[PDB]
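Listed next as structure tokens is one chain, alone, in the form solved without the ligand.
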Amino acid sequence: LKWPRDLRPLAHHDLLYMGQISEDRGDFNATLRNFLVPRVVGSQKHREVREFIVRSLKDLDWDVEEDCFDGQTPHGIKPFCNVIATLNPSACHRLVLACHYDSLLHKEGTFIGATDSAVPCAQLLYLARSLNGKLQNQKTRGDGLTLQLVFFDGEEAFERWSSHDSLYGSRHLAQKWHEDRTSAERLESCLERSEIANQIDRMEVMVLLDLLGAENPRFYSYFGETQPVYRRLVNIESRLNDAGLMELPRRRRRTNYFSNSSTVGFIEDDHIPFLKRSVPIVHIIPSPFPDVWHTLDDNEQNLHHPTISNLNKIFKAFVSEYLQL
């Protein structure tokens, strides 16, 4: 069973371009420093991190919705706002990139969550800005595909996960889109034999980024359904290296972030408001988790700037290939 949208391999020139950062460096770091703050649900810093996401994307002429909602926590009802930015709201199908912008409320002290998920958030804003010229151009093709970015709120648990206790942003959004009904008829250029009953069916694939920014991550294909998309990330990282475009510690080394292994079978319970609704998922999360995971050392000084820049190359080339930029 084939992926519904045919592949067009990234043009060599684009590969070469996506691959050489050319300060960009400063744009990315400046964007990241906005996220290197505690991002606790309901706090003022949190709210301002939202306002920053919202402004940045509006500044690029994207449509931006704040899906703001209350949810029952174990610390009383709390307010939450997801941010959905869609490049071309009319386009039937969406390549969706997502991450959460809340930081874990940490029993021990101030938790910055540099990898979890400040870097992912920054990488999303950074992708949007950096590919803006090609993205604004692709938007008017009328081809029925667009890019969409979801910054979820309230994903991080408060307790020892009672199945009632986390994923506030994803449970809410997933439901909202599952219940908001539509059809190929009301949308722009759906694929020929696609079945659209509701907004969630418009998520063509959801690419979720987590726990990025530590040195030498290892990823695997966590879903057989997305295995054709996952392979594009493998192939892109391979071309980048071939072309000598990765930053390595020494000459004649290669990055091997994206394992070509057969699909693994890990517990995938936290995507699930999405999986029960059949949204295909690529989870870009390392296995094993970074050593800093949920420690107060998940900070700015523990980020591996060369890994981060290499990943940024992979993500830009990947977006570019998928949208045929």
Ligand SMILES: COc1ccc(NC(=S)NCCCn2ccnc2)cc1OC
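Numbering follows the first chain given and starts at 1. Residues that one form lacks are left out of the comparison. In this text, rigid core is short for the largest set of C-alphas that superpose within 1.5 Å between two forms. First, how it differs from the form solved in complex with the ligand.
In the core-aligned comparison between these two forms, the C-alpha of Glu268 is the only one from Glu300, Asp67, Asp63, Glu268 that shifts by 2 Å or more. When the two forms are fitted on their rigid core, the residues between these two forms that move as a run of three or more, each C-alpha shifted by 2 Å or more, fall solely in 262-272.
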Given for the second form:
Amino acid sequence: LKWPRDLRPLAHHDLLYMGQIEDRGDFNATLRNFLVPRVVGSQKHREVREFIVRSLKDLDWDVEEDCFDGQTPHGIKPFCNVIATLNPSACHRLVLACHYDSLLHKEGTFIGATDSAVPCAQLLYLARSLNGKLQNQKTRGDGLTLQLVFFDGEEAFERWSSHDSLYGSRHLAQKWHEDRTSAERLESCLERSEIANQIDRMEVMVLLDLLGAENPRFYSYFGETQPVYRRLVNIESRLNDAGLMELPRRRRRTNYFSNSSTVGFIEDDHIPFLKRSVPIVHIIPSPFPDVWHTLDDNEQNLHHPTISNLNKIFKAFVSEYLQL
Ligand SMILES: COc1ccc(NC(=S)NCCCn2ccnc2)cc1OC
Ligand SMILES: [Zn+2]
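Show the other one: the form solved in complex with the ligand, since we just had the form solved without the ligand.
So here's everything in the complex, that chain up top.
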């Protein structure tokens, strides 16, 4: 079955503009705010939450918090998902997502630079760097918008289990599934749309996780979103053709988005949405970074040229999907 939205290839001019990176400076300033331990229940976690909210409210986005208390192996804990929507009334959302909590590591202070400080900064960076074009797109009345979700409580408090993980994403998926709505209440839904609740408005969720290490390897995890995944492959290829990727030597190419699918199961914030038929693109590397869940998942183990390259792909992707 065809993707419900016709995916119009980015014009060369727009590819080149989106592939240009002061841009490094703004991104790094944003990232600095996330490179702090931010365990659920902590003051720094609160400060990170508030920084996300303020940053997006300053860009004139609608920002909502889904706050609740949940039982954990460490007792009751407070959680707050942050949901920012460019145009609340638009029927359909391109959803980009990540988690903003950091793992409570028993061995010491854990920064979670890839997991997921970088993805958090990347979402804010997209909103900031594309603001002018996004605000223009919002005026079109075309029924499509951008939505950013920063999930809380992705990490387990003890041993990962169905009950001890994904606290924020499980909560939000249930909340949205139970919140009934219909096309007549929303702006410009696609003709063939079946809208019965808020989750139906998530046209695709692109979940970023464990980004920032050198040479990530992505694969298509879901046949349902192959048409969308293939746009990432294509965009990356075109950025390389144009010489816009940062490589250690001339005449190398990035090959992050493999033109293949993998049979691998990864549990993450997409799971509660996947179970409710939300199409998922899971932008998570396989293998995971070497530093995964170690005290070495820190700022210095990030690979800045890779981050810049990913930012180009992501900007071009959002530009292509929203026709910015
Ligand atoms: C070390 O390499 C792996 C370890 C575990 C798994 N399997 C699962 S189900 N992981 C769930 C990860 C949830 N998460 C996301 C961010 N922080 C935690 C796969 C891995 O390599 C493909
Ligand atoms: Zn983790």
